[PDB]
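One chain comes next, on its own, written out as structure tokens in the form deposited without the named molecule.
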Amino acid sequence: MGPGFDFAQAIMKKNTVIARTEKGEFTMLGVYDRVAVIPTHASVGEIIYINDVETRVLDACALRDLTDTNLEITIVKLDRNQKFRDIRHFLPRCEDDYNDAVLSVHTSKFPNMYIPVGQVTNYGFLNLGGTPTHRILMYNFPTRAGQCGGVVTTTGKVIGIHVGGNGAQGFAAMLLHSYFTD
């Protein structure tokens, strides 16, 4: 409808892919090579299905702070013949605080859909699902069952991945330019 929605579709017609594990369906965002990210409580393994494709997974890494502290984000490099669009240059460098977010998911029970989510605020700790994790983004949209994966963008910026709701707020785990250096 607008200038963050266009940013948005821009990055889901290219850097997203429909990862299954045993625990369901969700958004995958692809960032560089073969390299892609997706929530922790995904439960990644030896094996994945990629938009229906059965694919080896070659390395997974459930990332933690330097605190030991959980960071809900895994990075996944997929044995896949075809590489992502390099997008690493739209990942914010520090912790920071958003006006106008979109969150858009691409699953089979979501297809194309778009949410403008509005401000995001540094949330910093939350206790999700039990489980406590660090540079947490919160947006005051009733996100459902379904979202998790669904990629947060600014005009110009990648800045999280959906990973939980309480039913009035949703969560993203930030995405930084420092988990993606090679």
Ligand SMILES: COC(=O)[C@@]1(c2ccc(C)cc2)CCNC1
The other form holds:
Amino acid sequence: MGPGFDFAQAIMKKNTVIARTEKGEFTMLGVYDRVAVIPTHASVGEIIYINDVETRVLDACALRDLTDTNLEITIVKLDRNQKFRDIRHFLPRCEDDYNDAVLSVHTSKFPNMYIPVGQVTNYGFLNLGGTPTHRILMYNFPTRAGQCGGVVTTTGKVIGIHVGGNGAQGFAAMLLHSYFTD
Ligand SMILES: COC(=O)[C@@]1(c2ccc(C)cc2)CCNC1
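Alternative state: the form deposited with the named molecule bound, after the form deposited without the named molecule:
All chains and molecules follow, beginning with the one already shown.
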């Protein structure tokens, strides 16, 4: 409808795949080369399905901060025959608050779904499904099962991936530029 949906649309059409693990179907954001992210609760193994194709996982790393606290981001390198568009220049360098964010989901159950979630708070600590977690963003939208891995963007920035909710608020793990240096 507007530049918010304009930005989200392009990230979705070129930088997302549908990932299936034993724990379900997730929106998976491709960041650069064969490197993508997914919520750690997807429990990525040695093999994953990417758009229903059997794919070997070459590496997978569940990120934690330097206090050894969960961040709920897993970085996956896929044995795929094609590279993602490099979107690392759209990642923020620091923890921040944001205005006017969109949460975008693409699965079998929710294809081409875009939700204007509005203001995003740097919430910080969250007890997420019993697991102490850091760098959580929060938005006041009643997000539901099947939105996990969903991409959170503002005009010009890719700021997080959806990892949970409480029925009234949704929670995303921050993406930071420093996660993807090489
Ligand atoms: C991923 O986003 C993009 O590449 C585009 C974009 C870039 C920046 C802003 C503020 C809006 C839209 C350029 C082409 N159409 C979407």
